[PDB]
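Encoded as structure tokens, the following chain is the form deposited in one PDB entry, with no partner shown.
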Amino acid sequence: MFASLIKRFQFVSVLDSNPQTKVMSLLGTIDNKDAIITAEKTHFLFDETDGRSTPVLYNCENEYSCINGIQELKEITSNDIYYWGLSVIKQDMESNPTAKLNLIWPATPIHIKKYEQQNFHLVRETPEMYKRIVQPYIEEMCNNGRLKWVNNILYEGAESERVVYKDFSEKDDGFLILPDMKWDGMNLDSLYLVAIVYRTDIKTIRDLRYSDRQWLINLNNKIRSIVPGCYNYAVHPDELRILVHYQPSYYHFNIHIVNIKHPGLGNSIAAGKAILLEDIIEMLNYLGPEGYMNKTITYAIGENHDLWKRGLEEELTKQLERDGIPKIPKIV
């Protein structure tokens, strides 16, 4: 299915290019419907290898590990103790693929606006701004469409072959953990999982009250007690960065689980987007009974985000004015 759709993709324009991270997003069409492809070069590989078994960390004995797959070298130049050149390395679908590809199709305007390159703004969202600007947006943006994949995973067996943990009695307390769409699933250094809760009344951290703290504590404990054993303790419980996003892309409470060794894709682990789950728990001690409903939350938003023109832009200008920040002359 995947292959068939990639083969029909017709290029329209380049949405974004990041040579630091080797990520690319493409706009196109499939059967005259908009489509988005995101590509990422793979990382280098390392050897995969009482009666306990310990993981061999960072070894280079196997055929495709490290630089064993070099077929061809070419020097660019050299001087003193330095040599600079280029290499071609043997690619192979099973053992050394060249790049990961994601496809969104049919892609919606929200998807295209998200992936187009755009300016970002550090916004300060007060409680009243949330009530006025964001909450009405959330209720609209709770389409059974923009969340169809979440329900697909929860109730229709989607990616069930990949699920790593599932805690469900028929109720609202259970959850499952599975590989994140971002993870290529081969390099443990980039391990990225998402925990999806079954309860539906928490759309964002704004909905977490003081009474939710013990439930959140339990999720933090379960994740760290389970995830390392799924990977033969190749990643330890203290090596998992467990976090939520505000604003999230999808308005259903989901928890991100990332190898501490991962310096991070985009904003997924960045201050201004990511908040540690441990921090969510601790902050509920100090906010009121209504919890994050009472917090003024400062975060990074893109100019293409629907909320920008829906009021965050106008409110950011007024916030800058109130803070005594100059209004930038038109002369520059």
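Think of the rigid core as the biggest set of C-alphas that the two forms share within 1.5 Å after superposition. Numbering follows the first chain given and starts at 1. What changes on going to the form deposited in another entry:
- Of the candidates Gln117, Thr98, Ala39, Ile242, only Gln117 lies at a hinge (point where C-alphas switch from fitting one rigid part better to fitting the other better) between these two forms.
- Domain motion between these two forms: the smaller of two rigid parts turns 68° against the larger, based on C-alpha superpositions.
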Contents of the next structure:
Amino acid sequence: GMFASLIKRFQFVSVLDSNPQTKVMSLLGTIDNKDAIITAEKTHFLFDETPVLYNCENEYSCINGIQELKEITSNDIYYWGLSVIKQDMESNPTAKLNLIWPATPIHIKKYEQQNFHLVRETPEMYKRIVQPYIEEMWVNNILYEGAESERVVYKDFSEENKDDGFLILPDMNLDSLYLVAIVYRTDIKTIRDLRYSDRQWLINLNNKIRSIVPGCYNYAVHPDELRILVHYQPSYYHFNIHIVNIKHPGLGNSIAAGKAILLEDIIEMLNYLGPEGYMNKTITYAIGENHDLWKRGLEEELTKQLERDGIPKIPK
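Just the form deposited in one PDB entry so far, so send over the form deposited in another entry.
Left out here are the partners and the other molecules; the chain alone remains.
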């Protein structure tokens, strides 16, 4: 058919994304010299037509379709291996497969996933490389011009909170609750600007978030079921706090050590860093290759750090 025929003509150019968490792979290519994107995703296991009430009686349900097993290794009560399972177009297909063609630049930009590098960012690196970049720098539309006011979940209005206040809105199933609190202060561009003197304010924000969010969802999510965190590097240089259901099943990098830092941890660390706060911290995090800071000095500094630590690397 049409679909099969188009897939057969697909000429591979490059891999856009490979995600071992979700078992998704996206490929850039061409069909009739026009750009094309194929996305493939492994199917989930099947259950008989909570998860604790599912069943495994039917032919293709659960692990019933195993044709072949092979051990990797074992130890005491733990055994693990690999399996081949019977596939079938109607009852147990192997993967979902989508095609975008002709694909536009916007589609390609959407599906390309960048590579990351662990950097160790010292105070001096921040001052020399990062700080000047931040200064050279839609949030304001939301804060001061009413943009997306229909979507806002909570907003401070009183004169007392003109500076220390904030608003909360969703990020663009209750398990997948994901909100962002954007503060009214304009002098905090990243966690680097948090001083010891800001600690009580952060504690107050943490307490407000947990006092308010549950009531917005009729106490269907509890205050202790919110993973409240910030990012470094953040996606935008105006301080903001991510509020995520602790059970959110969707997420990978956005909640990962190396990117996300718990608000409670920010708070606790400010007891020890002295007056200038996170200005004094050496922060190890994952920086993306597409980020402007990579070529502005982080790459060069990482190679020097590896040399100092006596770590083997491939040269430039």
